[PDB]
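Please model the entire structure based on the sequences and the hints provided.
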Amino acid sequence: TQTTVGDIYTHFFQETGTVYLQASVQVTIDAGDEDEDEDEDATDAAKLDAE
Amino acid sequence: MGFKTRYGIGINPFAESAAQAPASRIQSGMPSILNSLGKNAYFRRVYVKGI
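Note that the protein sequences, when read in sequence, are chains 1 and z. Quick note, the first sequence lines up with residues 170 to 201, 201A to 201I, 202 to 211 if you use the entry's author numbering. The entry's author numbering puts the first residue of the second sequence at 471, with every later residue one more than the last.
Hints are not guaranteed to be accurate.
Calculated pairs, SDA-like style, for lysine to any residue (alpha carbon to alpha carbon, straight line, at most 25 Å) [claimed, not checked]: (1) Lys519 (chain z) <-> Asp176 (chain 1); (2) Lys474 (chain z) <-> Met500 (chain z); (3) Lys519 (chain z) <-> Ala206 (chain 1); (4) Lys519 (chain z) <-> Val194 (chain 1); (5) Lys207 (chain 1) <-> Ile198 (chain 1); (6) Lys509 (chain z) <-> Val188 (chain 1); (7) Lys519 (chain z) <-> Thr185 (chain 1); (8) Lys207 (chain 1) <-> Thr197 (chain 1); (9) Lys207 (chain 1) <-> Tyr178 (chain 1); (10) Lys519 (chain z) <-> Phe181 (chain 1); (11) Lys509 (chain z) <-> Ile481 (chain z); (12) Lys519 (chain z) <-> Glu201H (chain 1); (13) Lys509 (chain z) <-> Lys474 (chain z); (14) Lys509 (chain z) <-> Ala485 (chain z); (15) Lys509 (chain z) <-> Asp176 (chain 1).
Hints listed in this document are in silico derivations from the structure and should not be mistaken for laboratory results.
Dropping the structure here:
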């Protein structure tokens, strides 16, 4: 999901709760081209929250 | 049954403190992307990682 400046996004963290985030600089949320293979840490949701 | 209330908030004058003059003589004193996002001088926040 591609961020756009001035917009508002919302998310819920598995360990701290829900929160609303306003993007300030356009960026790709996922990792750009990262968060695969080398992680070997946890579930899909826990990977998104870390990023 | 429902509840309703109106509060409103506002930035402080000289908050940015990097410019010597207001933009348009009369300007909104309410926080926004172009006036309050990470530009205030009254507050600094630093993450702590390692503990």
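Hints, one by one, checked against the model:
1. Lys519 (chain z) <-> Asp176 (chain 1): Not OK: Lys519 (chain z) and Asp176 (chain 1) at ~29 Å, beyond 25 Å, violated.
2. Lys474 (chain z) <-> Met500 (chain z): Distance ~21 Å between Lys474 (chain z) and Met500 (chain z) Cα, so the pair holds.
3. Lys519 (chain z) <-> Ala206 (chain 1): 18 Å, holds
4. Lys519 (chain z) <-> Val194 (chain 1): Distance ~24 Å between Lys519 (chain z) and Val194 (chain 1) Cα, so the pair holds.
5. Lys207 (chain 1) <-> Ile198 (chain 1): 12 Å, holds
6. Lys509 (chain z) <-> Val188 (chain 1): Since the Cα atoms of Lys509 (chain z) and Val188 (chain 1) sit roughly 22 Å apart, the hinted pair holds (cutoff 25 Å).
7. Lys519 (chain z) <-> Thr185 (chain 1): With a Cα-Cα distance of about 17 Å, the restraint between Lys519 (chain z) and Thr185 (chain 1) holds, given a limit of 25 Å.
8. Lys207 (chain 1) <-> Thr197 (chain 1): 15 Å, holds
9. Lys207 (chain 1) <-> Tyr178 (chain 1): Holds, at about 18 Å.
10. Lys519 (chain z) <-> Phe181 (chain 1): 22 Å, holds
11. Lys509 (chain z) <-> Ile481 (chain z): Measuring from Cα to Cα gives roughly 11 Å; hence the hint holds.
12. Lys519 (chain z) <-> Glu201H (chain 1): The hint holds at about 21 Å.
13. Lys509 (chain z) <-> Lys474 (chain z): Not satisfied, since the Cα-Cα distance of roughly 32 Å exceeds 25 Å.
14. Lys509 (chain z) <-> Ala485 (chain z): 8 Å, holds
15. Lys509 (chain z) <-> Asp176 (chain 1): 18 Å, holds
Figure legend: structure checked against the earlier numbered hints; hints not met, in rising order: 1, 13.
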